[PDB]
Amino acid sequence: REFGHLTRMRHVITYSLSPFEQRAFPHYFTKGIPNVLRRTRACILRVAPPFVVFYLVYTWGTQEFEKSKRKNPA
Amino acid sequence: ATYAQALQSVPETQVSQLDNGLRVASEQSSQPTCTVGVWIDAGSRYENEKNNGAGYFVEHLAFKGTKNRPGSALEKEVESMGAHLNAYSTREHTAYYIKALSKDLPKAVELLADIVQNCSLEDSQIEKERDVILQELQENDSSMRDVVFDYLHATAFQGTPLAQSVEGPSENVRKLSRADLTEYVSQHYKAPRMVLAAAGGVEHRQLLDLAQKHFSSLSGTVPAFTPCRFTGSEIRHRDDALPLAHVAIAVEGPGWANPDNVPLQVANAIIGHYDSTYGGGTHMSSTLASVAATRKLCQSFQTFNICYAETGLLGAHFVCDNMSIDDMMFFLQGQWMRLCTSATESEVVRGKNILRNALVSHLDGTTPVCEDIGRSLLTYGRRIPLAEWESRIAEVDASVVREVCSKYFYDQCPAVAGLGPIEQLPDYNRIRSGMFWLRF
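From first to last, the protein sequence lines stand for chains A and B. The first sequence: position 4 = 6 (the UniProt record's numbering), numbered continuously. Per the UniProt record's numbering: the second sequence = residues 36 to 256, 262 to 480.
Honestly, I wouldn't trust all of these hints.
Unchecked claim - Computed, partial: chain B to chain A, Cβ under 7 Å: (1) 239; (2) 243; (3) 272; (4) 273; (5) 274; (6) 279; (7) 280; (8) 281; (9) 284; (10) 362; (11) 390; (12) 453; (13) 463.
What the hints assert, rightly or not - Beyond 10 Å from chain A on every Cβ pair, some chain B residues (computed): (14) 277; (15) 278; (16) 295; (17) 300; (18) 366; (19) 382; (20) 389; (21) 464; (22) 472.
What the hints assert, rightly or not - Partial chain B-side listing against chain A, Cβ under 8 Å, derived: (23) 190; (24) 276; (25) 363; (26) 393; (27) 400; (28) 468.
Don't read these hints as lab results, they were simulated from the structure. Just so it is clear, CB atoms sit at the ideal spot from N, CA and C, and this is done for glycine as well.
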C-alpha cells in the first residue's frame, strides 16, 4: 500500500500553487465566519439536545438533593 | 588548424537593413545549394485569448495559394525546381524557409515574398484548413511530450500570453474567421519584425538586390508584448491508461540575452540526456544517466533550456514507468543541488566540451545555419560568432557554475507538469522541499 498502485483514476486534472506564492490566511474572516456559522447551524440541532437534557437532569438532581437534605416538619 | 584558426576562419555573416526595416542577412559559403528563409517575429505570445491560434492558421494557409500564384501554382514552382519549402511557428517566432539550388535564389526569394506579402486566405480554403487543424489537434493529443510541454507552459506562465499553446484552443479554431487572419497578418507581419536570412552559396549583394526588388513594397518604417509572470505551480493530468508517465519540471530560466545562458547550458550539459536505446549506459559520466541505466528507472530524460525574450523555462523532462517517478525525481533534484552546492572542475570541463560540440555540430548544413541566422538576429539582435561562443564558454569555471545554478535552482519554486500514471509523483511540497538541502 504505497503510492503508485493504490487505485486507477483517469481523466482528472488538478491544478496547484506554490505555498510561497499564495497567502496562508486567505480571507480568514471574510469566509471563515460564515463558514463557521453554517457548520454550527447544520450540527447544533443534533448536538445540543442531549447536552441540554443532561443540564436539566443535573440541575434537577442537584436541587433535589439539596431540598431532600433539609429537615422535615415533624 | 588548431580549432582556433578553425573558428576564426568561419565565414562572417553580413547583415544589412532595407528602408522598410528588413534585416537582410546572409552567410556565403561554397556549397551549390542554399537555404533562404523569412523569420517573422510573430507567434502565440503576441496573440490574445480571442486571436489565439491565428498564427498556426496563417502558417497553414501560407503555402496553399497566393494572389499572384493561385493555389497549386505556388506548389508547382517549388517542386519543379527541386526546392523544399517548409515553415515552422513556435510561441515567439515564425519562419518560412525554402531550400533550393544557389542558382534558383532569384526565384525562391520572389516566392518567399509572395508567401509573406500577398497571401490569399480564401474562405473555402479556410474551412478546409479549419477541419485539418482540428484533426491535427487530435493528433497532437496523442504524443505525451508535446502535451506535457504545453501543460508546463500553461502552469508556469498562467495568466499570461506565454501560457497560450501555439495551435490555440479548439474553440478558437472553429471561431476564427477570415477577418481575424487578415488583421493578424496585417499587424504581425510588419517589415521591422522581419529577418530575411540566407545561407549556402548566396552572396550578400545579390540577396540585398533581390530583397530591395521584391520586398520593397512592404510595410512602412503596437503589440510589443508584456513581461510574463512565472508562477510556480503544478498540473497533474492523472490518466492511468497511458503506458508511461511523462513529467517535466522547470524553474524560471534566463532570458534570450542574459549571459547566464552560457553557464546554465554547461550545467545542463553535465546532467545530459539518456534513454533506453543508448550506448554505454551504466558508464556514462552523467551521474543521473548512470543511475537511470543501472536501476532502469526511466525510458528517457533530457534537460531543456527553453528561453524566451524576457524569461524562460530551465529544467528537465523525463519519461519513466508508473512506479519510478519518485526515485528519479529525487535523483534529478539531487543532481541539481549537487551542481549548485559543489560543481567540481572536471564536470565543468566536460560540460564546456559538450556545449562546444553542441554549438559547433548544430551549425552544419545550410538549413541549421540559416535558422541560426534568423533566430539570432531576431533574439540577440546580432549573430553571435562561434568565436564569441568559444570565448564565453572558456570563461566558465566551477565557481561560475556553482553561483549561476545557485541563483536559478537553489530554493526556487518550480513548475511541474505530469501526465499519465503519475500517482507516484511526489506532492508539490516534497518537490519544493527537494530544491533545498539541510546539509548545506
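Self-check item: Agreement of hint residue 190 of chain B with chain A interface, Cβ distance less than 8 Å
Solution: 7 Å, holds
Quiz prompt | Proposed interface contact between residue 276 of chain B and chain A, which counts if any beta carbon pair is under 8 Å | solution = OK, holds: residue 276 of chain B within 8 Å of chain A, min 5 Å.
Quiz item: Was the hint right that residue 279 of chain B lines chain A, CB cutoff 7 Å?
Solution: Holds. Min distance 5 Å.
Quiz prompt | Cut-off 7 Å, beta-carbon criterion: hint that residue 453 of chain B touches chain A | solution = 4 Å, holds
Quiz prompt | Minimum Cβ distance from residue 389 of chain B to chain A greater than 10 Å, as the annotation requires | solution = Per Cβ check, residue 389 of chain B is outside 10 Å of chain A; nearest 35 Å; holds.
Quiz item: Far enough from chain A: is every CB of that chain over 10 Å from the CB of residue 300 of chain B?
Solution: 22 Å, holds
Quiz item: Under the criterion of a CB-CB separation shorter than 7 Å, is residue 281 of chain B in contact with chain A as hinted?
Solution: Holds, because the Cβ-Cβ distance from residue 281 of chain B to chain A comes to roughly 6 Å (cut-off 7 Å).
Exercise. Classify the hint on residue 390 of chain B as holds or violated, based on whether any CB of chain A lies nearer than 7 Å to its CB.
Key: 33 Å, violated
Quiz prompt | Given as non-interface: residue 366 of chain B, partner chain A, CB spacing beyond 10 Å | solution = Violated: least Cβ distance 7 Å, not greater than 10 Å.
Self-check item: residue 284 of chain B as an interface hint toward chain A, with CB separation required under 7 Å
Solution: 13 Å, violated
Practice problem: Verify that the Cβ of residue 295 of chain B lies farther than 10 Å from every Cβ atom of chain A, and report whether the claim holds or is violated. | Solution: 21 Å, holds
Exercise. Against chain A, run the beta carbon of residue 273 of chain B and see if the smallest gap drops under 7 Å.
Key: 5 Å, holds
Taken one by one, the earlier hints fail for this structure at numbers 1, 2, 9, 11, 14, 15, 18, 21, 22, 26, 27, listed in ascending order.
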